[PDB]
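Heads up, the chain below is alone and in the form solved without this ligand; it's given as structure tokens.
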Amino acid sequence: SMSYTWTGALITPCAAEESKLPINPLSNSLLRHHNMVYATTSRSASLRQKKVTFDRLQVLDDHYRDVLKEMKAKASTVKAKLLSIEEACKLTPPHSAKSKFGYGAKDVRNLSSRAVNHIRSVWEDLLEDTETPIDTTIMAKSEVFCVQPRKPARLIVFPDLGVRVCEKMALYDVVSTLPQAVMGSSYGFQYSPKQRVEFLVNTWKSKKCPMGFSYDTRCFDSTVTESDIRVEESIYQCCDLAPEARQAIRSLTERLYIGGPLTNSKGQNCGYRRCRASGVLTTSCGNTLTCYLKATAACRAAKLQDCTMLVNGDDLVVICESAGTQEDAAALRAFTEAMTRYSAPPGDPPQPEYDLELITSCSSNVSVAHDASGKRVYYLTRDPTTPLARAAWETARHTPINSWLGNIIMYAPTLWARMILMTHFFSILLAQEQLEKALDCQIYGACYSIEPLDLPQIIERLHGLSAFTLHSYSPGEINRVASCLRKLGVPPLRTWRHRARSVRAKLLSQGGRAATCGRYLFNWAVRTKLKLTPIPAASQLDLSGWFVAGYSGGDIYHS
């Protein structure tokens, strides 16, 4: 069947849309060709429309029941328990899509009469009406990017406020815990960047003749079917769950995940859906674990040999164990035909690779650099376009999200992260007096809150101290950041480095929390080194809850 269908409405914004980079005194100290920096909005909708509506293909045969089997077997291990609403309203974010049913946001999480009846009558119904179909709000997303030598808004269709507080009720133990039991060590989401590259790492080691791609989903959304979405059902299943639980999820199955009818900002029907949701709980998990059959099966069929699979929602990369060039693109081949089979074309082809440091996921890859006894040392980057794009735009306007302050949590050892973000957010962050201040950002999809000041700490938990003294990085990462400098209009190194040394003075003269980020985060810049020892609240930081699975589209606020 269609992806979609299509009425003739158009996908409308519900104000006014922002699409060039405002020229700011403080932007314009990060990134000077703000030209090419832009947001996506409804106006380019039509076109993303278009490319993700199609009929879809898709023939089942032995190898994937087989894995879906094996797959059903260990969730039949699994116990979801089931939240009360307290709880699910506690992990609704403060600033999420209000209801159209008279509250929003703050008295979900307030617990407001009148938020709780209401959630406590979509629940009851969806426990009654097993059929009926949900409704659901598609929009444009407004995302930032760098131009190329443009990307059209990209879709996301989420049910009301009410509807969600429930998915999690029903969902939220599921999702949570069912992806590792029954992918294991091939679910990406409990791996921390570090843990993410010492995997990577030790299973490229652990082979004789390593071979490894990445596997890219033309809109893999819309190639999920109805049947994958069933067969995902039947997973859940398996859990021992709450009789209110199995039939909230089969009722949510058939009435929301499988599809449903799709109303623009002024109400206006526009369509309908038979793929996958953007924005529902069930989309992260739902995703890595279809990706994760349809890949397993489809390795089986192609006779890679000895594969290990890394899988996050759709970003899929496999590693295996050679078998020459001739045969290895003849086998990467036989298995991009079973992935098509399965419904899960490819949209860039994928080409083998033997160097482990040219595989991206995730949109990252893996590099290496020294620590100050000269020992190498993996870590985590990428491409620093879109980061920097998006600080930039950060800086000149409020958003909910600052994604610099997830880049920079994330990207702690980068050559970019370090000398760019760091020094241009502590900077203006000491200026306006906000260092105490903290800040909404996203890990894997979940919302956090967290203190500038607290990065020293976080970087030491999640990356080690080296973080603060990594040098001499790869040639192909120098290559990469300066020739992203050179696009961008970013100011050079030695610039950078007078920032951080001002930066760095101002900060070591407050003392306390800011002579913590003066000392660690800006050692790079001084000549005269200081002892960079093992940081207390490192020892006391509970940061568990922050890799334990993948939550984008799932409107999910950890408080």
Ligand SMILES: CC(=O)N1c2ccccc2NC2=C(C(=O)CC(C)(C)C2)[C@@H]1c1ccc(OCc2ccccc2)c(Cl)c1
The other form holds:
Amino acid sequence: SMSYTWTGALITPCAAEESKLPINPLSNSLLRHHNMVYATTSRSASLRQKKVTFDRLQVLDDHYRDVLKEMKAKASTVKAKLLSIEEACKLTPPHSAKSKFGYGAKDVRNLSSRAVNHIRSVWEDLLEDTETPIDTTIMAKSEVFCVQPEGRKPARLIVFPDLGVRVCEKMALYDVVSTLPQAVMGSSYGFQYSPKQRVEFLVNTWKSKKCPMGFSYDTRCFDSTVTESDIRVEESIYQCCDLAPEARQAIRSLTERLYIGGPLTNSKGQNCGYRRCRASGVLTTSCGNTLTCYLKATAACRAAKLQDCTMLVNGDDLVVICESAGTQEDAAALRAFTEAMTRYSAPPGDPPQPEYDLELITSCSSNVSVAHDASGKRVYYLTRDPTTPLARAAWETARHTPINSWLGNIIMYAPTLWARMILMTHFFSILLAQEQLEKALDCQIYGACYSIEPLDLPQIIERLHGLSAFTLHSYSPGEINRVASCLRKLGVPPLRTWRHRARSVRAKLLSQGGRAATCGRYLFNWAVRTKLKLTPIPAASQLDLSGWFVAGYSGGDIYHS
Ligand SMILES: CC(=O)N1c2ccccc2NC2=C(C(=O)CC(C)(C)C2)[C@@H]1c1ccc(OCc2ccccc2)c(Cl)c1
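Since we've got the form solved without this ligand here, give me the form solved in complex with this ligand too.
Time for the whole complex; same chain goes first.
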């Protein structure tokens, strides 16, 4: 069976799509090579459609079944609650795609009599109807990138059900999908970790091995490799939770009717094809992908007889650290592993490379690098090639986009050379210039959408990274060469120029006192020679990030207000 069948109807946009970076005074001071920056559109959808459509091979074995039972054993631990319509709506992001049935996200959030009635009827139909496939829209996602060294990416696709359904998924599954991965995978579940916690875990795992070997594994179009069996097995795990009767039935109907496959419709309302694999835009895609990657990966480790495997799983991204048996025997073990995964229907994009320095391993586009704090002590932190973040920064500088990936990157990659000298300097300079310092902004962390105030960045950074994040220096030469190389490529002024801009911006922040001066002091301490003494922020210890690093939610339509 094929991941997709198509009718021949086009994947259509519903608004004019922009694709080239505008020529803007502001984004041009960040990034001069504007023709290198682009956004994907509907126009490239048929290339993706080809790429994402293939037949699937899946043969299961005892290792797989053994691991499944063990996962289910842990699942059986879990009790899960139905959300009320109220809670479910409050998790709806304000600009979520409006229902086809005469109400939108703002009406859902207000608990408008119309929206809520529609939701209740959707819910009842979920209890009453087991079999009727639920409709989904398919859309070309618009993401921005930098052009490949030699050529472009075609748009990614997003498959989502009507708003009314999305709300009913939250009611049935929000507590499950955000409690159960932890219960099952334990320390292997990556979305439980803040940035410093992920680092502690990777370094500690690495340091705990007599002789560590590690690799990342990258299955191509993970979503299209997920089969109906996979999605049903994923359901068998959810059914181990203590569930209210209505949620048990709702998950069962949602599984047959939605998760397992269904019909696709384009913005024009046209039958477009049929999906027989994971939908990218539902509440369970993050969790399901995590359980599924975990289940197969664990089974494959056993298949390859890898020793003392520790893995970290976040949706489809997967990293394994384990005991090196020797170069030859590690190389042969990885290939065995890959062929095991391939049989479970998770073949690799590129074959995994056994790796013997932690810094060389890369997952979620990020690697571990070293720097030194104030005392000179070695500090590990997560970083990445900054090209895509930077190109997106230029884009978002020239366009009011609904999500500010620049804000997210500052939060997630705060200790990096490039986030501190470029993102902060650029964006605080702009925001100062436009009186926008106190204006809250949307970004998303691990899928979930958050409204954040720029002036709160120093406390958030403290909590997510520690004080260390404000004092790192003596980055690794390879990291500096990567960042420097990247700027030449993109036409971003050199780091030397950003220090000069930072010094200026820092002054202006200190001028303003209060929360703005806090930013100047902590965020830009790197910019001045006569550094200020930096101590814990009172407001950081205090305030509240309960929902931040609990679970993955990408595609799930989640907003934490
Ligand atoms: C699709 C998605 O939501 N993620 C994602 C996955 C894969 C590639 C690139 C990404 N992009 C981003 C993620 C964010 O949250 C926000 C940010 C604007 C950054 C972009 C998130 C992510 C990024 C890194 C991740 O691990 C590494 C890591 C973790 C913590 C601190 C630093 C680094 C994990 Cl698990 C998820």
